[PDB]
Every structure is written in C-alpha cells, then in structure tokens.
Amino acid sequence: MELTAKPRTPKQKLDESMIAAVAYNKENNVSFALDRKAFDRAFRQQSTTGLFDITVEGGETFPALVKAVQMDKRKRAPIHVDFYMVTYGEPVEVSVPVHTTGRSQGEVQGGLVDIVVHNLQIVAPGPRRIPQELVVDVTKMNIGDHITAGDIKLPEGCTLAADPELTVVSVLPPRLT
Amino acid sequence: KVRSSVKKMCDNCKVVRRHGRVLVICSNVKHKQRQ
Amino acid sequence: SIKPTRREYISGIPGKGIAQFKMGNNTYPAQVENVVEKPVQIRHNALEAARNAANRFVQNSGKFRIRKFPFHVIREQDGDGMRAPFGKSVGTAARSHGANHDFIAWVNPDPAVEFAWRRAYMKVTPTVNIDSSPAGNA
Amino acid sequence: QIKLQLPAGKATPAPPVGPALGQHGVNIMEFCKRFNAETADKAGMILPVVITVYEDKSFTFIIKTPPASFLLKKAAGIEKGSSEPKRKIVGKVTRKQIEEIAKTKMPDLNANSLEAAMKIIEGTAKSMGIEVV
RNA sequence: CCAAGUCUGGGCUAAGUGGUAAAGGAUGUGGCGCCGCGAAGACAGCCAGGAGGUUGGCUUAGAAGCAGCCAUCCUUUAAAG
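Chains as they are written, first to last, in the deposited numbering: chain BZ, 1 to 177; chain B9, 2 to 36; chain BQ, 9 to 12, 15 to 36, 41 to 76, 82 to 157; chain BK, 8 to 140.
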C-alpha cells in the first residue's frame, strides 16, 4: 500500500520512519523503497500469508509482496526487506497456512494435546489462485497417535511443493497418556 | 512491613504516596503494606 | 571468554544433565514466548531448574518449548592451593548470546500459560525479556 | 422469619431448638408438638423447616415432598458421579429418554416450552457425568 | 574563592538527583501509537433486582462461586456472570 523510495540511501532511510525493502521481480530490481510504518499495518496482517501491493506512481499495481525479510536486529524491529511481485500465471512458491478448530478427542477429555511442527504449507496451487485461509482438520487426537504429510488431504490445486510423512501434527501427553 | 517488594492484597489494598514513599493501604491490618 | 580443554580430552561429550525441552501444547498462530538480551554462561542447574519450576506451576498447553542448553564449563580449587592450577570441572551451560529466541509460550488463546512462563521469567536470573511473536499473543 | 434444619420424630431437644427459637419470640413447647403430626409419616430423615411468625406469638406454617435424587438413581441403576466431569465421561444414555424425563419436571423447570426444557438437562448432565450421544 | 558570557535560543527537573550501585517496584512527570464511546448521551458517585434448572463430581463428616481435585452448560425472561 503506497510505500516509496528507490534512490540510494539506506542509512538515514534505514532510519526514522522508512525501512529499506527492495523492489524485487523476475528479471528486474530497483532501489529500496517502502517505509517503516506501512510494513507495520499490512505486514501486521499476514505478510507472505495473503498478499496485496502498493501504488508507487501507479507504476505496476501487482502482488507477490515479500518472499523474504526479517525483524532481525535484537530489539525485534525489522530493517531491510525483500519484495517480489508476480504478474505471471506461474505462481508456485506458495506458502499459505492451515488451521484446525479444537475437535475434542485427546484434549477436552484426555487433556492430552498435539504438536504441529507444520501449521504452514509452502506449496504451489493455481498461481494467483489460493484461499488466503485454508482449513483442514479430519480430527483425531490422543495416545501415541500422529498424523503428517502422506495422509493430509489436499483440495483443488494439486501441488504439494512438499513431501509425504513429515511434521503434520500429533497428540502428545501434556502430562501423560 | 516488607519495606522492599510490596504488591496489592485484598482486592482493594490501595497504592498511596507518602514522602514519594509508597506504602500499601487497604481495609485490613493484614495489609499494612510499607517499604 | 575462557572456555574448555577440549571436546574429549578435558571434558567434552556429555549429556550435561538436565530436563529436556518441550512442554505445554501446540497452536498454529498465537505466538507466545520469552527471550533475553543478557550475556551469561547461563547457569546450567539454575537453568534446568527454572524452566522446570515453569511446568511446576502450569501443567499442559502453553509451547513450553525452550531453546537453550549449556555444553561447556568452568573449573577451580583442587590440589595445592592457588598457583599452578590443574583443573577440577563443574557447572556447564551455554552462552546466551546477548539476547535471542528463548523458550516459547506458544498457543491459541491460553494466557493462563503466558502468566506461567511469566512466573518462568520472574525466576531465571539475567533479567529476561517478556514478549510475543509474529502476530503477538492473540 | 426464621429457618431451621430440624430432625424427624424428635421434637424436644433444648440445645438447638431452645435458643434458636425462644429468643425470637417462639413458644418452644407448642411449636414442637405440632411437628409430631406431619413428620411422623416420614420419620428418620432430616426435614428442613421454615417457620414464619407474626404479632401474636404463634403459628407454624410450611414445614417437605420426597428422594427426588435417589429415585433417578434407581432407574439408571449411578450413585454418585464417577469422578471428575469432562475428564472421565463414560455414562452415555440416549435421545429419547432425556426427552420424557423433562416433561414432568416442568413445574420447577425453566418455562413451559419444549426447546427450553431439553436445555437444562444438558447443563446439569455435563456438570456431573452424563453425556448425551 | 581564580582569569574569562549571573550569553542568548528551545526543551526537561520540583529529588539536591546531580555529588558512585544491581535484581527489584509504583494512575511521578513530559512527548509519541492503540480498544470502547457521550445524544445504542461514555469510566468513578447514587436508586434497585442485587434472576432461575445453577444447591453439579473427589471429599462429603462440609463445595452447594466465598475448603480444595474436575465442570463450565441450559434457560422462561429486563441478562445472562
């Protein structure tokens, strides 16, 4: 949303209210613009979890946003970001989240719980074609059970930029099973 | 009493400033908070 | 930064003796956690402990995860007196590099675990930083 | 304007009935002999009484029907709850049995409707150990 | 005291801090962003009911919010604790 700059001035820039952030795209880049105030808001939404874009000179109103960056620093306040769009029908590197609900099985009865080393899902469905919020939870939880890749259950866009059997999300003893 | 490290008893026990000092107060002998 | 004699000649190849990592429960978004800023050969023991007392006060779901672990150690009095000092080991830990990803109170809406960790900081030693993660804490 | 928890078949104890009533303007002797009329049928079980006086120093009023907790246990064939609710649920029943037990409890139940009747039996069930499946 | 502007400009101190110290606290004070609203006329004073199936399970000799281990739901209605 907006964000400007692109000359050659990171220090002061990298300072005050404007944080660096390259104009990255397949084939071309352009001095860092943006700002340490927009990043906020938007970013705050869900960086590489949905997507938008800003109007700098109406130039090229396109999506893709961030494919890298960092609030690095100790303090925990980012500085020096990466920005890449995609006006193509190739959109692959697509990492969007996946949520459950709480389906009662090991929890609200067994107190047991479940780790989710997954959460996210870097895949590649129908480029510029993804439900910013995809949910899938066949339920199940408790004892020494576990679920991961393999099973899963992918809708529409048949990608899986990932593999089978691997960090899905199981149920462990928050105390004992 | 605790001179050092006072922090709210009864769901009331107040926060007062005497001599910049901060000494707990609340409807209870069981709160005579002071530092 | 004086460190030890080697990873297998003086004292290197242990379990360091402690109480493992993970606790609490999952959670996809909710980013609930703790880290620091202080530098200190984190007092093993003190360490191990601490964290633990953490579980002691909570119990289940709240990423009681914790990303620390000592692995080297000091030494001192053993032998003659003060001069040519050989070495007697004791007390390993790990450098808390001037702040960083401590342990995580990670979960949907379960501050009943935030306060926890909280109780977890209180403890510890080198001050500690109370914080949230990508998004905050819900 | 008093409230007691007197026993059955014993209307003469001085320790509880004496001080708790005499100082409130209540003739201990006469208020006791009247109980030997209605508590004589169901003697043995402690029955709470709610005496309400006026300005003449007398009356007895509403003592008691009985229990409504043990007869429900006789049908199901569980005494007391298993352990702690929402942690060891193992006593499932059915849909049709919960539907007919609420149709008679209506006098002291919330509203005279059919949708509100099934909702109270859902709250007092999960607070104990009777899950509806 | 001892030579040299009780210079001018605009902030911040109400403790003599300055004139040694840490963990640790607290509507101190001054400057920055958030959630709810004041004509569904808003937080703190004041009038009132201060709702019913809630008086569920371990322990009951007593949980029946106001011993503590598990619940955390339904409601006829001015809403719900």
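Derived by calculation from the structure, the hints in this document are not laboratory data. Among the clues, some could well be false.
To be verified - For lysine-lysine, the following DSS-like pairs were computed, each having C-alpha atoms within a straight-line distance of at most 30 Å: (1) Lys73 (chain BZ) to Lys11 (chain BQ); (2) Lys112 (chain BK) to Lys80 (chain BK); (3) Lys9 (chain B9) to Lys33 (chain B9); (4) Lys52 (chain BQ) to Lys8 (chain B9); (5) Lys140 (chain BZ) to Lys52 (chain BQ); (6) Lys140 (chain BZ) to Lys93 (chain BK); (7) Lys126 (chain BK) to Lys140 (chain BZ); (8) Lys142 (chain BQ) to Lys9 (chain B9); (9) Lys140 (chain BZ) to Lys133 (chain BK); (10) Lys126 (chain BK) to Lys32 (chain BQ); (11) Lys32 (chain BQ) to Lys81 (chain BK); (12) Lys2 (chain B9) to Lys142 (chain BQ); (13) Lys81 (chain BK) to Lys95 (chain BK); (14) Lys26 (chain BQ) to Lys153 (chain BZ); (15) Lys52 (chain BQ) to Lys73 (chain BZ); (16) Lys37 (chain BZ) to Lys142 (chain BQ); (17) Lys75 (chain BZ) to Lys32 (chain BQ); (18) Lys75 (chain BZ) to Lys107 (chain BQ); (19) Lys75 (chain BZ) to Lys153 (chain BZ); (20) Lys11 (chain BQ) to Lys8 (chain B9); (21) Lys81 (chain BK) to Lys140 (chain BZ); (22) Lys75 (chain BZ) to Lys52 (chain BQ); (23) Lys112 (chain BK) to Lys140 (chain BZ); (24) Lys80 (chain BK) to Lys140 (chain BZ); (25) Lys73 (chain BZ) to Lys107 (chain BQ).
Hint check results:
1. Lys73 (chain BZ) to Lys11 (chain BQ): Given pair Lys73 (chain BZ), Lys11 (chain BQ) holds - Cα atoms ~27 Å apart, limit 30 Å.
2. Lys112 (chain BK) to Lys80 (chain BK): Given that 30 Å is the threshold and the Cα spacing comes to 16 Å, the pair holds.
3. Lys9 (chain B9) to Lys33 (chain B9): Since the Cα atoms of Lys9 (chain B9) and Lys33 (chain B9) sit roughly 11 Å apart, the hinted pair holds (cutoff 30 Å).
4. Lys52 (chain BQ) to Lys8 (chain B9): holds (27 Å)
5. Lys140 (chain BZ) to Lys52 (chain BQ): Not OK: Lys140 (chain BZ) and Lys52 (chain BQ) at ~42 Å, beyond 30 Å, violated.
6. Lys140 (chain BZ) to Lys93 (chain BK): Status holds; Cα separation ~17 Å.
7. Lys126 (chain BK) to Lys140 (chain BZ): The given pair, whose Cα atoms are some 28 Å apart, holds under the 30 Å limit.
8. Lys142 (chain BQ) to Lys9 (chain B9): Roughly 20 Å between the alpha carbons, so the hint for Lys142 (chain BQ) and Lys9 (chain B9) holds.
9. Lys140 (chain BZ) to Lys133 (chain BK): Holds - the C-alpha atoms of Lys133 (chain BK) and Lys140 (chain BZ) are around 22 Å apart, at most 30 Å.
10. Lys126 (chain BK) to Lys32 (chain BQ): violated (41 Å)
11. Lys32 (chain BQ) to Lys81 (chain BK): The given pair, whose Cα atoms are some 48 Å apart, is violated under the 30 Å limit.
12. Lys2 (chain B9) to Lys142 (chain BQ): With Cα atoms ~24 Å apart, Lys2 (chain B9) and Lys142 (chain BQ) stay inside 30 Å; holds.
13. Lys81 (chain BK) to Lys95 (chain BK): holds (22 Å)
14. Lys26 (chain BQ) to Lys153 (chain BZ): Violated, because 42 Å separates the two Cα atoms, which is more than 30 Å.
15. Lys52 (chain BQ) to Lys73 (chain BZ): holds (15 Å)
16. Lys37 (chain BZ) to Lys142 (chain BQ): This hinted pair is violated, its Cα atoms lying about 36 Å apart.
17. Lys75 (chain BZ) to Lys32 (chain BQ): holds (25 Å)
18. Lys75 (chain BZ) to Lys107 (chain BQ): violated (39 Å)
19. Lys75 (chain BZ) to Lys153 (chain BZ): violated (40 Å)
20. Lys11 (chain BQ) to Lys8 (chain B9): Cα-Cα ~42 Å, so violated.
21. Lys81 (chain BK) to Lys140 (chain BZ): violated (36 Å)
22. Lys75 (chain BZ) to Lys52 (chain BQ): holds (12 Å)
23. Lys112 (chain BK) to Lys140 (chain BZ): violated (38 Å)
24. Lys80 (chain BK) to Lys140 (chain BZ): Cα-Cα ~34 Å, so violated.
25. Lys73 (chain BZ) to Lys107 (chain BQ): violated (39 Å)
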